[PDB]
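Following the hints, complete the assembly by docking chains B, C and D with the ligands onto the known chain A.
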Amino acid sequence: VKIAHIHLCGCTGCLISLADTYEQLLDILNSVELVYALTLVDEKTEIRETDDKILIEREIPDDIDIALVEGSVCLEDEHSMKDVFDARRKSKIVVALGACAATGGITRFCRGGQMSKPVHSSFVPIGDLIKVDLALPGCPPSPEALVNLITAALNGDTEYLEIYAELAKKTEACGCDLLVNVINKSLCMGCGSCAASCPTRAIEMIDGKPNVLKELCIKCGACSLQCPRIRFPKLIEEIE
Amino acid sequence: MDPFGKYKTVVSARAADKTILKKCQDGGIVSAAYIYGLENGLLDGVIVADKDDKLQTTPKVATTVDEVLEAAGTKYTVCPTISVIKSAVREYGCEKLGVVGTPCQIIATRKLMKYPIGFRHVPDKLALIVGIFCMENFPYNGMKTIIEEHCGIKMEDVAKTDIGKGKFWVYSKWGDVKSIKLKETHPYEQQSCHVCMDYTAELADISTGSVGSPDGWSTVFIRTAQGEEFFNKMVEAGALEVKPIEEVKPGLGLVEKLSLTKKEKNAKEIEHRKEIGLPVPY
Amino acid sequence: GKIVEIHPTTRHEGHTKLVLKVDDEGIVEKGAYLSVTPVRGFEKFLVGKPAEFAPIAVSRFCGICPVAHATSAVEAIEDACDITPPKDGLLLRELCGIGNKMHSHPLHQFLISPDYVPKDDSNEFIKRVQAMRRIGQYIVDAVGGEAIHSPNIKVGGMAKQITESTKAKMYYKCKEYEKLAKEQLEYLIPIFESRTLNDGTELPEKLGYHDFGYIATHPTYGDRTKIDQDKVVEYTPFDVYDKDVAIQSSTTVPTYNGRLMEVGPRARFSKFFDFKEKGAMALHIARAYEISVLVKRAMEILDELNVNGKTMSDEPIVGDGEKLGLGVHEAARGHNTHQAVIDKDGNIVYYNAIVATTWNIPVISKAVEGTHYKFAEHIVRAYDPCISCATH
Amino acid sequence: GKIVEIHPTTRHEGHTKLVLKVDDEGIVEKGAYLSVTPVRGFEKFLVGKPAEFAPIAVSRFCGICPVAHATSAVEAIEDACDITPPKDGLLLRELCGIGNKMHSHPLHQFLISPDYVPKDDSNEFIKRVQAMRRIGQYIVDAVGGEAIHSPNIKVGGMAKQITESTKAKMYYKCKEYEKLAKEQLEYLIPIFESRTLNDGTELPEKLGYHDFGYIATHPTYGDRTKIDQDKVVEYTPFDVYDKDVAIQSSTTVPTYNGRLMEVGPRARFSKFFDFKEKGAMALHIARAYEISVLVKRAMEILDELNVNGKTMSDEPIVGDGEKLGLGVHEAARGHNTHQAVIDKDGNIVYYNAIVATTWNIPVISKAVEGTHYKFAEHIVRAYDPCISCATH
Ligand SMILES: Cc1cc2nc3c(=O)[nH]c(=O)nc-3n(C[C@H](O)[C@H](O)[C@H](O)COP(=O)(O)OP(=O)(O)OC[C@H]3O[C@@H](n4cnc5c(N)ncnc54)[C@H](O)[C@@H]3O)c2cc1C
Ligand code: NFU
Ligand code: NFU
Ligand code: SF4
Ligand code: SF4
Ligand code: SF4
Ligand code: SF4
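Sequence order for the protein chains is A, B, C and D.
Quick note, the first sequence lines up with residues 1 to 240 if you use this note's numbering.
Quick note, the second sequence lines up with residues 1 to 282 if you use this note's numbering.
Quick note, the third sequence lines up with residues 1 to 392 if you use this note's numbering.
Quick note, the fourth sequence lines up with residues 1 to 392 if you use this note's numbering.
Be aware that one or more of the hints could be misleading.
Said to hold, decoys possible - Short derived list, chain B residues pointing at chain C, Cβ under 10 Å:
id : residue
1  : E149
2  : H150
3  : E156
As the list claims (entries may be wrong) - Below, computed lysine-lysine pairings styled on BS3-like, alpha-carbon distance capped at 30 Å:
id : chain 1 : residue 1 : chain 2 : residue 2
4  : C       : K21       : D       : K119
5  : B       : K160      : D       : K179
6  : B       : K268      : B       : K6
7  : C       : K160      : A       : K82
8  : D       : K119      : B       : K178
9  : D       : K226      : B       : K173
Don't read these hints as lab results, they were simulated from the structure.
Where is the CB? At the ideal position from N, CA and C, for every residue including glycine.
One chain only, chain A, in its complex shape:
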């Protein structure tokens, strides 16, 4: 009932996707109290006054139940690394919200050379440093898939969240997962659902097999998540 939005090396796009549950946002903010989110709330303020300084700091509170962590971790920035360990220390459930936190995403391409922080060049998904409990791919994951995660987390629907808890153990995604796991292993039937999931239109169906345009893939993991020949839990088979 206490949720927190941690923002590391991201773009806030995942947070905006959460905001794009307009009607369900007012239904979620009554069932859960938000306790930390720099972009939304002034928590948690502590002032320290000496004879020569007045320090007004906003730190992550304790007793966070669910923590939506967005963005990767910069290994050359002390604050970025302090906040990923601090979020893990103070949250019972941490969720790798988006490809940046889950698998690196676009930040995998970072290599520095750019001032004004010429030393900043190493960016890793949060899973490489802390244990993560759930992972949500996509750049960004849809508002629909987000509502589903939050609903299942509050209702204890472990069966639904299993596919994301399993993802939390792998911190590497790519467009080539479709080839190495589905095409090369004689599983791809050619439905094309992966091409329809891609946010950069990097997948193109040729000869009934997905062709990845490698210079357009941002490694968001949406296509491998969708492939029903990789993961097809039996819960999907129940309809009405």
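Quick look at chains B, C and D with the ligands alone, frame taken from chain A:
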């Protein structure tokens, strides 16, 4: 722990050719070894790190002495000297190739030789592996802030940079000199150097640097037989002035000090990374 | 005297820090607002990549306004390659950038609402905000292909065309948005003009005053001929901060004709609607007034648009490897510039970006001076700062 | 009902007079500020002389800003003969003008310091302006050939080029000047904004207000396409003074589009940096802010300059004997215009000059109205008037 790795002998030396001394960083050992192989048929090509008018580095395969003299001097920024090693024995057609690199680059060359998966015809043609001492390195933009913003000198007006006396130095085309305390440069260093366990380029045929020897002289460790034969041909030909490191000051103790300070520090960083789950080489 | 440091500042996008030299009474004497977000370094890893990959990557600068960077990127590459997008592709591109801003401005009014909107009006206010944002995000989805990071913004124009039916229900969604915007205006304008927060605190009259100019090339889109980039110069943080704070900044210091310049809604209203009011409240007022001109412009684009017109240029993406292309776009927060050099093979030789909030950061540093430090964050939020943008 | 006449007014260049009709309380009802310096009549003895002589002679208008007249003179002759100076000759000429303004602004702050700089700060203050003037005069001597009256400013470009060494020595001198300028600016701006003199006298808030526009063509150099000379009309003193004072004036009354117009730092800052503050204090502030613009621009010229490039055009100095050439330059004290008609032999058939302070004189006459007469000279000094220029 071992300070300098294995070596045969340690001396203080400088080049005999006075021209070389006018352009080199310290004693001119790297340029003097390169010019001697080239002129006496022990090397037909040498790998160097060149600079442009703004101090930006470019690894290059040289084949003339003038190419060697232009590349003389230290550029305290990252330059991938090994990226041209296959080019050197391919289109350039070298067979007695000279290699220079910081310790990490010398390690990459030994790895290259032991497991030459993508290095057909390359290991057998490496005639002299020269390593230069190194404590830290910098991205170009990192050094640019240090020179232009902390020392107040434009890149295009830099004639020579030197690190020494807890100070970083910038010498200008127009006679000016500026030095800052070495602790103002730390935040700008390549962080991957914080796991480096090699200060004296312990895996080279010959290693050279400025610490331990006075200005204009280089402390040089001779390590392998290949480097021993080369060096001995040089002194016999009068290419070098040699004084035993036991007489010149400050001396070998300063090398040992720094070499162990680097190893003790970066050792902690390796264990720190292992602790929080980050990969290290093994 | 004393030092005050507010870190991190809240209810805007990103991660920043205030460092204020204050006197014994609380008034700020020297101000320093700066980004401490880690630098991802987009422009530097775009070198070597094909030109088509630029609008995809630079979209991930920021998820609040991804459209603005995709637009500036393709405008910059088109300029380097001398490509002209067709009439209807351009109309669709501007409509996409408008749809983004139609959601950004109500979003910012939601971010600052804890200071200005009373608790009893809080619920109806947020519902009106989300109602306006829904429309805006609908437009970006329909034209751009996705709401957050639009893949249809491509070098040459726009990838796809809408249908006559989409254009219809978009027009009538814009009429709804216009009705909600008048509702929102008649509510916030009087609160900004009153100068007082919802807790009764009256703000100083000269809060947020500064002595810098404005940059704005267009009221709704962008016009690269209204600026001379040769006169845009980026200096280092050491030019505006002290030494110990300057080595903390993650951004550069953009100048025009040698001076810092403000960008954003007030910069545009000053260059197109003779709006010359100074201070932090005037900034908020301009941003509210602009919501009206955005939706009116969109409805005009829909009447002019031909939904069967060509939207992608056939001209090839090739460059001479020298010409420094220029692409500008008035993002929600202001002037936004990308630069691109393309070689004969269609690949990126050089890339650079001067983002809107990057202009505004050093301006905010001076604007917080003169007033009590417990008002500094109110000035900061008036500029709708987006740091992931300013840092990229 | 009383007249107050202050003759001569002090701490500025030249010989002038104030004639104020005041009420019984000291408030100025009608104001008159007019030069009474004898007219040397340069423009009239130039007719018949070769064109090369013009920048030599007009430079002796004034020793504070001689670069401003040589520049406008050559620029006007070049316009009449269709001469185009080379890239690096044009860069050197602007750099020479910036060096002159780099000495003039600090000099003026020295002239007004008896009112605004406290006594205990006076020695330190003068040492700062003399060090700043040293750098400025170095630049003019290096590029123009002489510090005062620069013979290298010639028809066709600039006569001599600098070396790679002096270019480097100038750049690092400019860095020092930028350091002193920030020191000076942080010092003076708080005083000008306080509105009080060093003896404790608080000045009126609306001191120096008037209702006239501005003219400015460029922030650091000049642009003849930003003005339509046909709209500039010189009237006689009888149009702005009463008969008995008008017959004393040594200067013509310039107007643009039918009205008086202000020139100078505030004019430029209004046209390029959106600075719209009225009053005398705002004039001082704008001038102080401009010092940074000047030295930043100088450093940019040094980076662009090619010391080996051509500096003089080979084109001949020949004219049709009818075209009215136009040369404009933003002198320290404002927009400065020269006109010339050159014949086929290269000789001057017609010459005219409308100097900066000439524009400001009739504006000053009106700006001193409304306030007590013991403040009129403070309004006058804010305009940094140069009378020997205004009269020529
Ligand atoms: C980043 C860096 C850090 C160093 N730190 C130390 C130190 O802490 N203590 C110490 O004693 N010595 C250090 N050195 C080496 C030292 O400064 C001299 O370079 C060394 O003594 C060789 O100089 P020389 O006069 O003998 O040969 P020279 O005649 O001066 O020739 C120098 C050779 O070095 C090569 N070179 C220059 N820059 C680079 C580069 N960035 N990467 C690879 N090769 C390059 C050139 O190709 C050239 O052939 C460092 C060098 C570098 C590049
Ligand atoms: N609006 C906006 Fe961005 Ni998130 C900023 N600042 C960029 O183009
Ligand atoms: N500045 C100046 Fe002059 Ni001495 C005036 N007024 C000229 O162009
Ligand atoms: S995953 Fe994509 S949308 Fe989410 S923060 Fe990263 S770049 Fe932005
Ligand atoms: S979703 Fe899986 S099975 Fe379907 S086409 Fe793509 S790779 Fe093949
Ligand atoms: S191909 Fe598309 S969906 Fe798959 S990882 Fe790449 S960007 Fe994501
Ligand atoms: S410190 Fe080590 S890793 Fe870094 S440049 Fe020197 S030898 Fe290479």
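Hint check:
no.	hint	verdict
1	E149	holds (5 Å)
2	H150	holds (9 Å)
3	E156	violated (17 Å)
4	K21/C x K119/D	holds (27 Å)
5	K160/B x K179/D	holds (26 Å)
6	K268/B x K6/B	holds (23 Å)
7	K160/C x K82/A	violated (44 Å)
8	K119/D x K178/B	violated (37 Å)
9	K226/D x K173/B	violated (43 Å)
Hint violations for this structure: numbers 3, 7, 8, 9, all remaining hints satisfied.
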